[PDB]
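Next comes just one chain, in structure tokens: the form deposited in one PDB entry.
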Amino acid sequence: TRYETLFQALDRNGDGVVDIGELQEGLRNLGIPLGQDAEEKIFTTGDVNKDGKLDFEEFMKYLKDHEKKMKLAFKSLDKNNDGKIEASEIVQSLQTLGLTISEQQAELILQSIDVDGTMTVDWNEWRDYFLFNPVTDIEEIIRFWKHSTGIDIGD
């Protein structure tokens, strides 16, 4: 599908495109603390022709480019290169950025993304969590963790 499913779920009035209000409602269903300018940010990037709607191609292009960035952010946390993120890697990656986070705080992050209870975050879990979050790189993700979810991260 996979976007085709998401797109149709978003296109509530079935006119074949997603308007900013429809996207706004979609974000609302995620239960993740995004800013009230999140759909505006997504549209700023995604509505390439500035006609005020996201067609499927624009929607797909937005998500596909976003996914690429999210893979790079995932990779930058995966210090041992096994395709998984564990708590210790969050601690050590932030430390190399000059940020201190305790093991317990890193576990809170892990718990918010880990869906199958492995205490490891895999690409699908990471991607799905971040799919509709406007963040563009690991720093923004960290900004989100501290300033939106309250995780204790000190510089």
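Residues that one form lacks are left out of the comparison. Positions refer to the first chain, counted from 1. Under this definition, the rigid core comprises the largest set of C-alpha atoms superposing within 1.5 Å between the forms. What changes on going to the form deposited in another entry:
- Put simply, after the core is superposed between the two forms, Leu27 is the one residue in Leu27, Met70, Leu63, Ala87 with a Cα shift of at least 2 angstroms.
- Core-superposed comparison between the two forms: the Cα of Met119 travels 2 Å or more.
- Once both forms are overlaid on the rigid core, the distance between the two CA positions of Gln36 between the two forms is 2 angstroms or more.
- Residues present in both forms were compared between the two forms after fitting on the core; consecutive runs of three or more with every C-alpha moved by 2 angstroms or more are 25-36, 111-120, 151-153.
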The other form holds:
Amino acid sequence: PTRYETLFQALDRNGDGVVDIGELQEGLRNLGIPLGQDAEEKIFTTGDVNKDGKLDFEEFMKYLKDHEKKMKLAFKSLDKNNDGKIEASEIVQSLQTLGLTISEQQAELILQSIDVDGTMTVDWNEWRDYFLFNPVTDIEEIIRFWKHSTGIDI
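Follow the form deposited in one PDB entry with the form deposited in another entry, if you could.
We keep it simple here and write out only the one chain, dropping partners and molecules.
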């Protein structure tokens, strides 16, 4: 969704051309996107470049685009076989290259936590859709998020 107009119009409830923090909270909660207020605030603070307390469409778009390049490099960092998809063994080996060692079952837990549809594996579109509003900037903070999200070791 790389123009992001639909998302923005979805969030701009009063249709004034900007998204306020309230609209972000109410909108994300109404769209069934589970996000904490401090993290939403992280998004807003990173995005609000002119610091007027509002997110115009170009700040919104810029944030989402840069965030999606960070997420694409993270995804390709996790993608070993270059298929365009992520399997559990790949989570295991990618984590093993980082010095972390995790079981296959915990890897399964991670994939299931990340996966929002029934695919049982995660392609670029699902990865991007999942981390769309998650203010993580790279793979290490993605790991920190996993560590809180699954409530598992490392």
